[PDB]
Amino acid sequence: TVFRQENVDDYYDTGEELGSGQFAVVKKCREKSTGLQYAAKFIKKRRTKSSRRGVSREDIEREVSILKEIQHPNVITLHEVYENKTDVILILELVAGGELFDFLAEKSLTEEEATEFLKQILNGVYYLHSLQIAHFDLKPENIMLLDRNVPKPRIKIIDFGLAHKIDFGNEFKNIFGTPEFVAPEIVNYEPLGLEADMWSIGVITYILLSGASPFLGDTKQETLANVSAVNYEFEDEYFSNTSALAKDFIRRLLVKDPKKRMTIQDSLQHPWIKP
């Protein structure tokens, strides 16, 4: 599939930088014809068949195809796609309130503040999983706030760079995110499905409530070993006034066997969440 090959600068003016990954940079931008503001994500293309630099066309097209499907208040949306020899440029919805990761860093929360974030994340993932989309990179860095200066900020899930359609219940590709957040099946290179996201939500919930990361070791290999062994516990210093029901929610997500793990539907009916 090909994209718009006109110069993006003929249609948009870029401004401040919003984010910066390994093969991508995101710039605030403004569309000349409407005055409307967006986030332009510049993804570096692979320059040869066998290079390790840049993103393969297959991978870029997958991200774009998935993004084109989605329209939900808790997920980023795609406006337009441009490309040139060097980059594919995704014109995405602007989410200007910063990462949940940075919001947490200024602030740990009350259980109400945590469930207020978590419920929006669950709604977004419910939508994605209903479309058989596994995100595969859920972590606080990939949750963006619309406005961080309100008591209950609204959020959107971003960064669909590892997202896959799961049409046979599982996929068996080269897929591996950030050690602190990946499920044991990722660590062990096993077939992956929607369940991996639910583990990640468990990790996010643990961090939301405590300010601490449940499997984090001193090196990435230690973290991965900890994940595979389900080596986490609820430290009393962090969880002493956290409800047992909150712990129950986490405990039912941080389960090694993906079949025994709560699904997104389970998570919305769980007594800590269910209205």
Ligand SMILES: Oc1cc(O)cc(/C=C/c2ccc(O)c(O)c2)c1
Contents of the next structure:
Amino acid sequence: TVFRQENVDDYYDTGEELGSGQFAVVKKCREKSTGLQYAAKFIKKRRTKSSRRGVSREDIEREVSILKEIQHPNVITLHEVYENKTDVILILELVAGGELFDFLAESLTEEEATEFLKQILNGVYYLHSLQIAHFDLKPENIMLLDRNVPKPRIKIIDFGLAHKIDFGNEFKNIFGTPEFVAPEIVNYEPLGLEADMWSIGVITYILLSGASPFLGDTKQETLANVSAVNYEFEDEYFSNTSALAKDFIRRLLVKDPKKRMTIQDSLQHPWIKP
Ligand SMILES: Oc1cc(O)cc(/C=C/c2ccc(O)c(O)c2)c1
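Provide the structure of the form solved in complex with piceatannol (PIT), given the form deposited without piceatannol (PIT) shown above.
So here's everything in the complex, that chain up top.
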């Protein structure tokens, strides 16, 4: 699939840089024709077939195809796609409250955690209902619309690892951030929606405690801990946390994906269900 090949600068003015990663940079922009503001994600294309720098066309097209399908209050909205020889440029909904990661750097109550978590679950429920696994859920990929309100609204971003799961599982060596990946990712096993539910359990543990359940001193230790389900609720962090909150996490941090809570289970779990 080919994208708009007019110069993006003919239609948008960029401003503040919002973030950057290994193959991408995100810049605030303003559409000239409407004055409406967006985030422009410039994704570096692979320059040769056998190269390791940049993102392969197949991966870019998969991300774009997924983004075009989704319209939900808790998932980012793709506005337009441009491309040139060097980049594909996603024009994306502007979310100005920063990463949930950075907000957390500023521990939550269970109410504040569940207010965030319920929106994450609603967004993931939407994705999983479309058989979309995100595969990269973590606080860095949860953006807040406005971080200066009591109950910030959030949107899931960064679908660069997301896959349609139309056969129940994908076997592709998808692999995200060690602290958040499920054991099946660590072990290079077939992957499905269940891996997102593990990541939600990790997120929930962090939200409630400010601590990462599997984090080791090195990436290999983290991955080894994940595969061994080597975590515990440290009393120093969880002494005032309800047993039901711990129960929620414990039913997500389950090695066997078939025994892990699904997104529907998580919404019916007594800690979440009204
Ligand atoms: O700091 C910001 C602000 C913003 O408004 C959007 C993003 C990124 C959105 C995004 C959404 C979907 C994707 O697949 C993706 O790679 C990135 C980052």
